[PDB]
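**Q** What follows is the residue order along each chain.
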Amino acid sequence: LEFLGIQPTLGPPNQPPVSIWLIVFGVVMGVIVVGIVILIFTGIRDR
Amino acid sequence: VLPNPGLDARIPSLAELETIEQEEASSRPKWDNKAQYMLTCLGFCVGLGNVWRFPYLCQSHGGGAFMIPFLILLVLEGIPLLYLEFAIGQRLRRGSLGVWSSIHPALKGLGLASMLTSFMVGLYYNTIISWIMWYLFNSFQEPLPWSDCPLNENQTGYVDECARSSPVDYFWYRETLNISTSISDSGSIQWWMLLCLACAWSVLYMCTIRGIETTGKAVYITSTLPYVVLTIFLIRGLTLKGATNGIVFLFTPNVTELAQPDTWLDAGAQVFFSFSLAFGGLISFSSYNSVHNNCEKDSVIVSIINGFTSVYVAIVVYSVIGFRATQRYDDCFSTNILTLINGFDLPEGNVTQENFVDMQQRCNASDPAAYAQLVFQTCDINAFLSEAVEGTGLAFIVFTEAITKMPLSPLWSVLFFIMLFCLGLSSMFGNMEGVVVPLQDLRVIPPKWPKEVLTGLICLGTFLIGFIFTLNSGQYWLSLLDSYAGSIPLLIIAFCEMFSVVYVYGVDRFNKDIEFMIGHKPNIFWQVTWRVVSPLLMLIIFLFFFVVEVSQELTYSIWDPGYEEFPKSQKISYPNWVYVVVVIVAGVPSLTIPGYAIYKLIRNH
Ligand SMILES: *[C@@H]1O[C@H](CO)[C@@H](O[C@@H]2O[C@H](CO)[C@@H](O)[C@H](O)[C@H]2NC(C)=O)[C@H](O)[C@H]1NC(C)=O
Ligand SMILES: Cc1cc(OCC(=O)NC(C)C)cc(C)c1Cl
Ligand SMILES: *[C@@H]1O[C@H](CO)[C@@H](O)[C@H](O)[C@H]1NC(C)=O
Numbered sequence: 722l723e724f725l726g727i728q729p730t731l732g733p734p735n736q737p738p739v740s741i742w743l744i745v746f747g748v749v750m751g752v753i754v755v756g757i758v759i760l761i762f763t764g765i766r767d768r
Numbered sequence: 005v006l007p008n009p010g011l012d013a014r015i016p017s018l019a020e021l022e023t024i025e026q027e028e029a030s031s032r033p034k035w036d037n038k039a040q041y042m043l044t045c046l047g048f049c050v051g052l053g054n055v056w057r058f059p060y061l062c063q064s065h066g067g068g069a070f071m072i073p074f075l076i077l078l079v080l081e082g083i084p085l086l087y088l089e090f091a092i093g094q095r096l097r098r099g100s101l102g103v104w105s106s107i108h109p110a111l112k113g114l115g116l117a118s119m120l121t122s123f124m125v126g127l128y129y130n131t132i133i134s135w136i137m138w139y140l141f142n143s144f145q146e147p148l149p150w151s152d153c154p155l156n157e158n159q160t161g162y163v164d165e166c167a168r169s170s171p172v173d174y175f176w177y178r179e180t181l182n183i184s185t186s187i188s189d190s191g192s193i194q195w196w197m198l199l200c201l202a203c204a205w206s207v208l209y210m211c212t213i214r215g216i217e218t219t220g221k222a223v224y225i226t227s228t229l230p231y232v233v234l235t236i237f238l239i240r241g242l243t244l245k246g247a248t249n250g251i252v253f254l255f256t257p258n259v260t261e262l263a264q265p266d267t268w269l270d271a272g273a274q275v276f277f278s279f280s281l282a283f284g285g286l287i288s289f290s291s292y293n294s295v296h297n298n299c300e301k302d303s304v305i306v307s308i309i310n311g312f313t314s315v316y317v318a319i320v321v322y323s324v325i326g327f328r329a330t331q332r333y334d335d336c337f338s339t340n341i342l343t344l345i346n347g348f349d350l351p352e353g354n355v356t357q358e359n360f361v362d363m364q365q366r367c368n369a370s371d372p373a374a375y376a377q378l379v380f381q382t383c384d385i386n387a388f389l390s391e392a393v394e395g396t397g398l399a400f401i402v403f404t405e406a407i408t409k410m411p412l413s414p415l416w417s418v419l420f421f422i423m424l425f426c427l428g429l430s431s432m433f434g435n436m437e438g439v440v441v442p443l444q445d446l447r448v449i450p451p452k453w454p455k456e457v458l459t460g461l462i463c464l465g466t467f468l469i470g471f472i473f474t475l476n477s478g479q480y481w482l483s484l485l486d487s488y489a490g491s492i493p494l495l496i497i498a499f500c501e502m503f504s505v506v507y508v509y510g511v512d513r514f515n516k517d518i519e520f521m522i523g524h525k526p527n528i529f530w531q532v533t534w535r536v537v538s539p540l541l542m543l544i545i546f547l548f549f550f551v552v553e554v555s556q557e558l559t560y561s562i563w564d565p566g567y568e569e570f571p572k573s574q575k576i577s578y579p580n581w582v583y584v585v586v587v588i589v590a591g592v593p594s595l596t597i598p599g600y601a602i603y604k605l606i607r608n609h
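Chains V and S supply the protein sequences, listed in that same order.
Okay, so the first sequence: first residue is 722 according to the UniProt record's numbering, each after it adds one.
Okay, so the second sequence: first residue is 5 according to the UniProt record's numbering, each after it adds one.
Heads up, some of the hints might be wrong.
Below are the EDC-like pairs computed for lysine to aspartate or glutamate, each with C-alpha atoms no more than 20 Å apart in a straight line [stated by the list, open to error]: (1) S/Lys38 x S/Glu261; (2) S/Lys575 x S/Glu391; (3) S/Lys572 x S/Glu405; (4) S/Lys221 x V/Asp767; (5) S/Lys455 x V/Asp767; (6) S/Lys38 x S/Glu300; (7) S/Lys516 x S/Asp12; (8) S/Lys452 x V/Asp767; (9) S/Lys245 x S/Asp335; (10) S/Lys516 x S/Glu300; (11) S/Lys34 x V/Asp767; (12) S/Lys301 x S/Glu519.
Sample of chain S residues lacking proximity to chain V, with all beta carbon distances greater than 10 Å (derived) [stated by the list, open to error]: (13) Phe123; (14) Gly191; (15) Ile193; (16) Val233; (17) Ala273; (18) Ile319; (19) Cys336; (20) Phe503; (21) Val532; (22) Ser538; (23) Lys572.
Residues of chain S placed beyond 10 Å of chain V at every Cβ, according to the derived structure [said to hold, decoys possible]: (24) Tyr60; (25) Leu78; (26) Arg214; (27) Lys245; (28) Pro265; (29) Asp335; (30) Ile528.
Derived from the structure by calculation, the hints contain no laboratory data.
Note that the Cβ used here is the ideal one computed from N, Cα and C, for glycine as well.
Input sequences plus hints: build the corresponding full structure.
**A** The structure is reproduced here in C-alpha cells:
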C-alpha cells in the first residue's frame with residue numbers, strides 16, 4: 722500500500738544493547754587461561 | 005656416482021639401529037596407535053591444502069576444469085616425492101636439520117630455507133585464523149551484522165557506502181577491516197583486530213605447549229569435526245532451490261581454458277602447497293616411528309583421502325555458488341516484471357516468467373514513446389555463476405550472504421566458522437611443529453629453559469612480529485605476501501630434494517632399506533620417476549614461469565571509496581617503494597649455498 726510521494730521513515734531498530742561479542746570473547750579468554758594454567762601446573766608437576 | 009668419502013661414518017648403521025631399538029625413550033615421545041599418526045598427518049595435509057588455498061582464486065579463476073589437470077599432476081608429483089619423503093625421517097630417526105646435516109654438510113641450505121618458508125606461512129595464517137574467529141565472535145545472535153545496512157545519523161536512511169554496495173561487503177570492508185584507500189596511507193591500530201589476534205595466539209599456544217603429546221589429544225577432534233560438518237553442509241546444499249546448477253557448471257569444462265598453460269603452473273603450485281612437501285613437518289612426524297612401521301600403503305591412503313576431500317569441498321562450494329546465482333537471477337527477473345507492471349498498470353499476476361517476452365513486446369507494440377522510458381535489465385543465468393571474487397571473499401562476502409537466506413542462519417554460520425577454525429588449527433599445528441623442531445635440534449640453547457618456555461618465547465616473537473597485518477592497509481600487504489608463498493625459493497628447495505636424494509644418497513641403500521623394513525620391491529615406475537622424467541617437469545614449469553613473469557601485471561585491488569562506479573575494481577599497479585621488498589624476500593638463499601662449498605674448496609682442494 723504505497724502512496725507514491727510518501728515514504729516510510731519511522732522504522733529504526735536496535736536489538737543488541739552492548740557488544741555480545743565482547744562477552745563471548747571474555748568467556749573464551751577465561752576458558753583459555755584456565756587451560757593454560759592447568760596445563761602449566763600439570764607440566765611442572767609431572768616429574 | 006656418489007663422490008662423497010666417508011658416507012657411512014655419519015649415518016646410523018644397521019647394527020647401531022638394532023642396538024638403539026626398544027632402548028631409547030628420552031626426548032623421543034613414542035606415538036600412540038599408528039592410525040592416530042596417519043590421522044594427524046592427513047588432517048594437517050587437508051587443513052593446509054584446503055582453507056584459503058583451493059577455493060581461493062585458484063578454483064574460481066579457471067572456474068571449473070581448473071581442477072582436472074591438478075589431479076593428474078598429483079600422480080606426476082605427489083605419490084613419487086611423498087614416497088621419497090615420509091621415509092627418510094623414518095630411516096634416520098631425525099628430520100629438519102638432521103637430514104641435511106648428517107649427509108653432505110657442505111650445502112645445509114634447505115634447513116633454514118624450510119624454516120623461513122614455514123615462518124612466512126604461519127605469519128599470515130595467524131591473521132587468517134584471527135579473521136575467522138572474529139567472524140565467529142560476531143555470531144550467536146539472530147540479527148547478524150552482515151544482513152542489513154546501518155542507518156546513519158539521519159535516522160531514516162543508510163550510508164552511501166552501504167547503500168551503493170552490499171551490506172555484507174560494507175560489513176567486511178568497513179566494520180571489520182576499516183580498509184584504507186591505498187597502500188601509501190597508514191591508519192589506526194585497530195585495537196579489536198589486535199585483541200582477536202592475541203586471543204588466536206593464546207588458543208594456539210594452549211592447544212600445543214608440550215609437543216606431540218598435547219597435539220595428539222586435540223587432533224582426535226580437530227581432524228574429524230570438519231569432515232562431519234562438510235557432509236551435513238552438502239546435504240543441506242542439495243535441498244536448496246536452484247541447486248545442482250553449480251555442480252553441472254563445474255562438471256562442464258571449456259577447452260580454451262585448458263589451452264592456456266598458466267592453469268598448469270597454478271595447479272602444480274597448488275598441489276605442491278596442498279600435499280605440503282618440502283616443509284619439514286612430515287619428516288618431523290615420521291622421525292618418531294618404529295623402523296618396521298609400514299610406510300608405502302599409509303602414504304597412498306593419505307593421498308587418496310586428500311584427493312577425495314578436495315572433490316568434496318569443490319562440490320559443496322559450487323553447490324552454494326549455484327544456489328546464490330539462482331536466487332540473484334530470480335530477484336532480477338522479479339524486478340524486471342515489476343517495472344513493466346508499474347509502468348503499464350497491468351494486473352499483478354498476468355505477466356509471469358513464462359509469458360514475459362510476448363507481453364513485453366505487445367505492450368511496446370501498443371504505444372511507442374511510453375515503453376521507451378522503461379529501463380529493463382538483461383540479467384541471464386550462466387553469467388551470474390561466472391562472477392568470482394578477486395580474493396579472500398569466497399568465505400566472507402559470498403558464503404555469509406548465502407547463509408543469510410536460509411532458515412537457521414546463526415547456528416549454520418557458527419558451524420561453518422567452527423569448521424574453518426578446526427582446519428586452521430590443524431595447519432597451525434603442522435607449521436608450528438615444523439618451525440619449532442629445527443630450533444631445538446640445533447641445540448642453540450643449553451638444557452636449561454626447557455621447551456615449555458622455548459615455545460613461549462618463539463610464540464611471543466611471532467606475536468610481536470605479526471603486528472604489521474593489523475594495520476589499516478595490512479590486508480594489501482597480505483595480498484603481496486600470499487602470492488610469494490609458493491614462490492621461487494620453495495621450488496628451488498623442491499628441486500634440490502630429489503636430486504640430492506638420487507645423486508648424493510645411495511639409491512641402492514634406499515632400496516635395501518625398503519626390502520628391510522617394508523619389502524614388496526617397488527615397481528619400475530617408482531624408480532624411473534625417482535631418477536628421471538619426474539625431476540624434469542618442475543624444471544620445465546619453472547622455466548615457463550620465468551618466461552611468463554617477464555610480462556609483469558602486478559596490481560593490488562583497492563576499495564577506493566572516492567571513486568566513480570565505486571562498487572567496482574581499482575587498478576593502481578604498484579609503488580616502487582615495495583619493489584625492494586621483492587629483493588629482500590626473494591633470492592636470499594642463493595647467496596648462502598655456494599659460500600661454504602667455495603670456502604672448503606679453497607681451504608682443502
Ligand atoms: C518494439 O520496440 C522496438 C524498439 O525500437 C521497435 O522495434 C523496431 O522494429 C524491428 C523489430 O524487429 C527492429 O528491427 C527495429 O530496429 C526496431 N526499431 C525501429 C524501426 O526503429 C518497435 O517499437 C517495436 N517492434 C515490435 C516488433 O514490436
Ligand atoms: C573449507 C572451505 C574453504 C573455503 O575457502 C574460502 C576461504 O578459504 N576463506 C578464508 C580466506 C576464510 C570456502 C569454503 C566454503 C570452505 Cl567449506
Ligand atoms: C571458456 O573459458 C572462458 C573463461 O575465460 C569463458 O569465456 C567461458 O566460460 C568458456 N567458454 C564457453 C563457450 O563456455
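**Q** Indicate, hint by hint, whether the structure satisfies it.
**A** Hint check:
Taking the CA atoms of S/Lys38 and S/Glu261, the gap is about 43 Å. The hint is violated against a cut of 20 Å. Pair hint S/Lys575 plus S/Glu391 holds up; C-alpha atoms about 18 Å apart against a cutoff of 20 Å. Using a Cα cut-off of 20 Å, the hinted pair S/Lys572 and S/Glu405 holds, with the two alpha carbons roughly 18 Å apart. Taken as a hint, the S/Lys221 and V/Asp767 pair is honoured in the structure, with Cα atoms around 17 Å apart against an allowance of 20 Å.
Using a Cα cut-off of 20 Å, the hinted pair S/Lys455 and V/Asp767 holds, with the two alpha carbons roughly 14 Å apart. Taking the CA atoms of S/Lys38 and S/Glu300, the gap is near 13 Å; set against the 20 Å cutoff, the hint holds. Proximity of S/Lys516 to S/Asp12 is assessed by CA-CA distance (about 15 Å); at most 20 Å being required, the pair is judged to hold. A distance of roughly 17 Å separates the Cα atoms of S/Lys452 and V/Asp767; the hinted pair therefore holds under the 20 Å criterion.
Under the criterion of a C-alpha separation no larger than 20 Å, the hint pairing S/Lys245 with S/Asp335 is consistent with the structure, at around 13 Å. At most 20 Å may separate the alpha-carbon atoms for a hinted pair to count; S/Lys516 and S/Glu300 meet this at roughly 15 Å. Between S/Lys34 and V/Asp767 the alpha-carbon distance is near 17 Å, which keeps this suggested pair within the 20 Å criterion. Among the hinted pairs, S/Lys301 with S/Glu519 is consistent with the structure: their alpha-carbon atoms are about 14 Å apart, no more than 20 Å.
No beta-carbon of chain V comes within 10 Å of the beta-carbon of S/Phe123; the shortest separation is about 23 Å. At roughly 21 Å from the closest C-beta of chain V, the C-beta of S/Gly191 stays outside 10 Å, upholding its exclusion from the interface. At roughly 17 Å, the least C-beta separation between S/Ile193 and chain V is larger than 10 Å, which holds for a residue marked as non-interface. Every CB of chain V is more than 10 Å from the CB of S/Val233 (nearest about 20 Å), matching its label as outside the interface.
Interface exclusion of S/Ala273 from chain V stands, the closest Cβ pair being 35 Å apart, more than 10 Å. The beta carbon of S/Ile319 is kept farther than 10 Å from every beta carbon of chain V, the shortest such distance being approximately 32 Å. No Cβ of chain V approaches the Cβ of S/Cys336 within 10 Å, the least distance being about 21 Å, so the stated non-interface status holds. Against the 10 Å criterion, S/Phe503 stays outside the reach of chain V, whose nearest CB is about 43 Å from its own CB.
In this structure S/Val532 is separated from chain V by more than 10 Å, as the shortest Cβ-Cβ distance comes to about 50 Å. The beta carbon of S/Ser538 is kept farther than 10 Å from every beta carbon of chain V, the shortest such distance being approximately 44 Å. Remark: the non-interface label on S/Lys572 is consistent with the geometry, its nearest Cβ contact in chain V lying 29 Å away (cut-off 10 Å). Separation of S/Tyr60 from chain V is adequate, the least Cβ-Cβ distance of about 27 Å exceeding the 10 Å criterion.
Annotated as non-interface, S/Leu78 keeps its C-beta farther than 10 Å from every C-beta of chain V; the closest such distance is 38 Å. Annotated as non-interface, S/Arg214 brings its C-beta within 10 Å of a C-beta of chain V; the closest such distance is 6 Å. The Cβ of S/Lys245 lies farther than 10 Å from every Cβ of chain V, with a closest approach of about 28 Å, so its non-interface assignment holds. With a least CB separation of 46 Å from chain V, S/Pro265 remains clear of the 10 Å interface cut-off, as annotated.
Chain V leaves S/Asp335 outside its interface by the beta-carbon criterion, the shortest separation being 19 Å against a cut-off of 10 Å. With a closest Cβ-Cβ approach of about 51 Å to chain V, S/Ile528 is found to remain outside the 10 Å limit, as its non-interface label requires.
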